[PDB]
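Trainee: Listed below, chain by chain, are the residues.
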Amino acid sequence: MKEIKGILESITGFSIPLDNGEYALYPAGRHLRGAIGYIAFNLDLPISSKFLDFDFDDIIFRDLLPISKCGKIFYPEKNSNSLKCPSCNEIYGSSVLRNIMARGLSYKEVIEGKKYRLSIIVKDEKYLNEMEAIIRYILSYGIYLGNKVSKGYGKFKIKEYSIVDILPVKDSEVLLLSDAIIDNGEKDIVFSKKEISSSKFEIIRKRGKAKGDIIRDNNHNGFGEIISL
Amino acid sequence: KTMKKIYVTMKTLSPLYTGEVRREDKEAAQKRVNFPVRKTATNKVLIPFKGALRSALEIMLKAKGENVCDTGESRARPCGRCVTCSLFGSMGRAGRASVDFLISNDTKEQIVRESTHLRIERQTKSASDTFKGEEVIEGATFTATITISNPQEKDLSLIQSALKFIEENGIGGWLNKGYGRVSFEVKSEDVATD
Amino acid sequence: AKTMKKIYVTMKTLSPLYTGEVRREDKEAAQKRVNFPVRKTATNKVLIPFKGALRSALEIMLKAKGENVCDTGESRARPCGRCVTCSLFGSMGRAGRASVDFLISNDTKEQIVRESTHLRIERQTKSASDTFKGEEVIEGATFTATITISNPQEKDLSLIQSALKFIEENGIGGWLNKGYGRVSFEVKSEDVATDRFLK
Ligand SMILES: [Zn+2]
Ligand SMILES: [Zn+2]
Ligand SMILES: [Zn+2]
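Residue numbers (the entry's author numbering), protein chains in the order written: chain G, 1 to 222, 233 to 239; chain F, 3 to 196; chain E, 2 to 200.
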């Protein structure tokens, strides 16, 4: 097991809508998965076939959680929309969003300059050979996460491709960094599969668990995530 | 497989204006300038580039003879059959070209100036209304990177044709009064293996 | 529709020419030396607004005929959208057919811009009461612009030439009453296909 670390920053702003006209503050790992699968199909890579597999259970993408001037990731504030890093507060929040009115199109973005965590957890080392190639393409051109990729919104640039290994969590009690798939969890989560080869945009809805919640689970390996805490 | 990459550097030849889309930053700037220029929060100027390339190929190919889908119309909903919808987008499948914003190489303090624009009466020959609009100086180098996946043979030539149509009509806003005339320098690259 | 009328306009200055700098920072930098800087590029070439001069010329002349052109020059006055001037240069909700470029000089500011002393002389004493340095453009300075008419109509070119003949009589730019801005326009028009670049 290993992971590729990164201080992924935004060249142009990203627009990710949620339900209830909510715009997400930071970019999520689902968006990274959806973009990297387009990369692997576009470069005729084999893992693209696994990219259209939503339960491959290797190459799991952790959320692009924002990084602070404290050098640490903003830990998500428990049961709250905004985030707060363990060192100081520096609290992210909505102020970073801007209401956009552009040619009829009224939407929102999140501004550029803030840095976000790259963390691609990979299990199979055979997949790491293609993983080095896809992080090496982004290294040259960039990745686009958001809406209006063809208009140019969402351009991301890595500044630190680091393939440093890691180990899973220890405590059973873990904090939910990202929203987790837990049935009858009363926190509705929506994403989609596009399947551009065969069309049929999906808009898959679910009722998983929300982020910022301490939960005890001995059967935990750590799209939810496990914070060691 | 081999996706087509077009590095488009743009040099501003007459002052550029593109209005700012974000309401909060536009409201913040409205104090100093009635018309703020479109700016990033990294203090750099971004320009929309997809729509101008699209509308260039729309009017050129429409009057050429190849029937296309007039976008920017009353309804503006496009087909999935004509050439522009195979390049710059369709109501169903994604467009084959990803057109990045023309980000600037320089910063706000080095290219962006506030200016007195005017409205003069035709009998008293004196200024009736004055307003303060922001522009980008001439000789300012912007950059963008077009991404045409599934490359057809008439792709780079069509993009260059559209850029010539943009070099003569202009990019941005206030296009009829002389704002927006630029030059485009173009380089191309296919990428195969990484 | 299938054509565009491109009017290449080359204008020579028969008089000293002044158009003021609009840019706050450039004007503020120049007021350390000259109280009236001229409007230049960062390429260091003189820019003149051209669309508003043509529009003003055609509104005064077409209102002098008796045609129902509106006036887009008063405070709060809106374009009506039905005139020939509203068709040629624009309306609120209807983009103009003429893409009038800026009058960009052929030479640079060292060649054609001169810092000039202007005065205010007291009438009774016949002595200088105010002095101010201001930049002006020399005579014989050549400027080029292109007026690109989209959806070309019959009258347009002649209308543009008529508007140019107004600007040849009155002037373009600032200090027009003092003698500044007297110019001479030469027209070289060409009807061209709008699909010229597709090849
Ligand atoms: Zn902090
Ligand atoms: Zn179409
Ligand atoms: Zn009118």
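Do not take every clue at face value.
[Claimed, not checked] Listed below are several chain F residues computed to face chain E (Cβ distance under 8 Å; list not exhaustive):
#, residue
1, 61
2, 110
3, 141
4, 145
5, 180
[To be verified] Within a straight-line C-alpha distance of at most 25 Å, the following computed SDA-like cross-link-like pairs (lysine to any residue) qualify:
#, chain 1, residue 1, chain 2, residue 2
6, E, 64, E, 46
7, G, 2, G, 184
8, E, 200, F, 123
9, G, 159, F, 123
10, G, 50, G, 38
11, E, 200, F, 110
12, F, 6, G, 96
13, F, 156, E, 63
14, G, 148, F, 193
15, E, 179, F, 123
16, G, 209, G, 239
17, G, 115, F, 68
[Claimed, not checked] Chain G regions said to be covered by chain F (calculated; three or more residues, Cβ under 8 Å):
#, segment
18, 18-28
19, 80-94
20, 131-137
21, 141-154
The set of hints was computed from the structure by calculation and includes no laboratory data. From the three backbone atoms N, C-alpha and C, an ideal C-beta is built for every residue, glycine too.
Trainee: Each hint should be assessed against the structure and marked as holding or not.
Mentor: Comparing the hints with the structure gives:
{"no.": "1", "hint": "61", "result": "holds, 7 Å"}
{"no.": "2", "hint": "110", "result": "violated, 12 Å"}
{"no.": "3", "hint": "141", "result": "holds, 5 Å"}
{"no.": "4", "hint": "145", "result": "violated, 18 Å"}
{"no.": "5", "hint": "180", "result": "holds, 4 Å"}
{"no.": "6", "hint": "E:64 x E:46", "result": "violated, 35 Å"}
{"no.": "7", "hint": "G:2 x G:184", "result": "violated, 32 Å"}
{"no.": "8", "hint": "E:200 x F:123", "result": "violated, 45 Å"}
{"no.": "9", "hint": "G:159 x F:123", "result": "violated, 55 Å"}
{"no.": "10", "hint": "G:50 x G:38", "result": "holds, 12 Å"}
{"no.": "11", "hint": "E:200 x F:110", "result": "violated, 38 Å"}
{"no.": "12", "hint": "F:6 x G:96", "result": "violated, 34 Å"}
{"no.": "13", "hint": "F:156 x E:63", "result": "violated, 47 Å"}
{"no.": "14", "hint": "G:148 x F:193", "result": "holds, 23 Å"}
{"no.": "15", "hint": "E:179 x F:123", "result": "holds, 19 Å"}
{"no.": "16", "hint": "G:209 x G:239", "result": "holds, 19 Å"}
{"no.": "17", "hint": "G:115 x F:68", "result": "violated, 46 Å"}
{"no.": "18", "hint": "18-28", "result": "violated (count 0)"}
{"no.": "19", "hint": "80-94", "result": "violated (count 0)"}
{"no.": "20", "hint": "131-137", "result": "holds (count 4)"}
{"no.": "21", "hint": "141-154", "result": "holds (count 7)"}
Comparing the model with each earlier hint shows violations of hints 2, 4, 6, 7, 8, 9, 11, 12, 13, 17, 18 and 19; every other hint is respected.
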